[PDB]
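As structure tokens, one chain now follows by itself in the form deposited without the ligand.
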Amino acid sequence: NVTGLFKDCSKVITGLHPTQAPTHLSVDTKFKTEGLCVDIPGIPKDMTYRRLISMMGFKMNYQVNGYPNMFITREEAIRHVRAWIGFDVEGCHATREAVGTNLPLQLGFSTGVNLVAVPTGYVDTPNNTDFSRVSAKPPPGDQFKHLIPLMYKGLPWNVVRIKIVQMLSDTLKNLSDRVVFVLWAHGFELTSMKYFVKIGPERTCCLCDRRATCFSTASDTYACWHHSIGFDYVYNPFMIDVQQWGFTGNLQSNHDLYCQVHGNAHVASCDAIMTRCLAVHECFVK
């Protein structure tokens, strides 16, 4: 039994040398015998590889003292309706040097904002994991024809994540002490969160007593939505998957049952608006 989390998406026909393989599963078949691995002097380590590792498959079901849960109940999300931000990501497919994973392309929020990122992935090397641009293509061109020009209008992730913090801080400072991302089939949104979210124990702002919602790597500091100027990470966010609330069809068909003012414009922010809208209609009517 295996998972898609951290799947190796390179086109290399060989497994890894025992010293370089992150796991027993990834060790090359030549070194395997009796459930274990053997060192073969004469078969050397690879010193040039670049292996794209898949970020699809995270499971945030940890239960650790002092670490708040990212996924909250519907009843807790209802209490924090002022923190609701709809979130959707349109992804691109890994191509050329790698195949088998999706990278964030256009990140959409219920605020109406769409941010385009350069297709970036987590590439294992003989020394470390290099977070860097990877070759990518928009999904098989039909309903994804609007993504083709976006493959060149993207911003580096260090810029993109600064804009997310700036947008959330500007929207939520006078509304909530937190953010609740409202999602539909959360899988790829959670994968995208790996690019701009950090988690840990509950902290307080460096400039005030309000709880910390932001983190800065540059200075190892925490800030609330008021003092997050220049911060790059969203810290300890909350989320909920609206799809799991007993819905039969797709996002648009369920949203359209209660609302006729958000026409589908086939864009990430439009899906994020429809997601938050559907959550509001479902949670507060009858």
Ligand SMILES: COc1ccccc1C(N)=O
Given for the second form:
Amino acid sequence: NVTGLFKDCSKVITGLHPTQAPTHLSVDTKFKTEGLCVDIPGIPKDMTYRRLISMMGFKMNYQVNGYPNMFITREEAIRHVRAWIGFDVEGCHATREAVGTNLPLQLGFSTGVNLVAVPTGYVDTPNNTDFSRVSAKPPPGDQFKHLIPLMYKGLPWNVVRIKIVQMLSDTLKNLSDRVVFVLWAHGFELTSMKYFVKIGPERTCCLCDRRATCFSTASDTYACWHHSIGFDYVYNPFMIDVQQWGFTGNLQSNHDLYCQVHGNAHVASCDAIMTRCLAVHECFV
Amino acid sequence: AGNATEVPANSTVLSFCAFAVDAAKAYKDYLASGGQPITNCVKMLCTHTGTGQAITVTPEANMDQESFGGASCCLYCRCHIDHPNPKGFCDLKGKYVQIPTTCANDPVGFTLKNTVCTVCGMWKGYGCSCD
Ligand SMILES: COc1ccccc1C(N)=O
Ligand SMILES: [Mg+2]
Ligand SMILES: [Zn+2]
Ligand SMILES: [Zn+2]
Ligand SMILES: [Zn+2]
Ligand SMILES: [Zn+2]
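Could you give the coordinates for the form deposited with the ligand bound, as opposed to the form deposited without the ligand above?
Whole complex next, starting from this chain.
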């Protein structure tokens, strides 16, 4: 059994040298024997590789003392309905130097906000993991033709995540001490969260007694929604996947049974609006 | 398309550490909460007639150690996250790490908690003869 988390999406025909491979699975077949690996003097390391690593397949089901759970129950989400922010990501496919993973392209929220990002990925190199722009193409469908112009209207992720923290703070400062992302088939949204979410123990804001909802890499500080100016990371968010509540078909068909005022304009924010709308109707009626 | 690098047993620990602000503290806390150590490391088949040095260009395990590929013993490499040194480069990746056999069940945790003597090249507390 293998997982798709951290799948090597490069087109390099060989595996990695034992000293460079993060795992036994990724070691080149030349070095494998008796359930172990061997060093073969004369076969050198590769000092120029750039291997795209897939961030699809995260499982947030850890049980660690002092660390809150990201995925909350339906009953805990209802208590925090003020913190609900629907979230959906439309992505693009990795191309040219890599194939096998999706990258965030359009990030939509139930606030009507759409933020476009430069196709960026996590690339393993002989020294480290380089968070950098990668070649990408929109999905081949005609229902995704609106994504073609977006491939050149994107912002670098350092800017994008500052905008997300800013939008969430403006929206939630007078509503909640949390954010609950309301999702539908959470997989890709959770992948996107790797680009702007940080987790850890419950902390307090540096300027007040309210719990921390933001983090700053520049200063290694934490802040609430009121004091988050310049902060780049969403800290300790909560979330729930509406799709896992027993629904049969797609998002729009389940949404349309209770609501007729949120039409499908096909953009990420419309799916985010529909997700939060469906969650409110299913939970409070 | 693509070639997998991971097994399902590591999904929870790597997902948790890949999102943390302090990944080192997150791993130590994960182990303290009963979590299983990171598995799927690159363990080497070697003669065990090595020098016993901690980080080497070839496997140097002695009779009381196990040799591993350095990238597979590094939490930062395993999670594909930033390395904590200012240059952002790895000190284990590209080399072989010798772990005492008694600690070989958790080579990622061993390299996270221990330090190598910059004089004799052996791990402090596990081979470093000098004080
Ligand atoms: C603060 O909540 C709102 C207010 C107006 C429109 C949308 C939202 C929302 N979170 O979806
Ligand atoms: Mg969508
Ligand atoms: Zn505050
Ligand atoms: Zn609606
Ligand atoms: Zn490393
Ligand atoms: Zn020493």
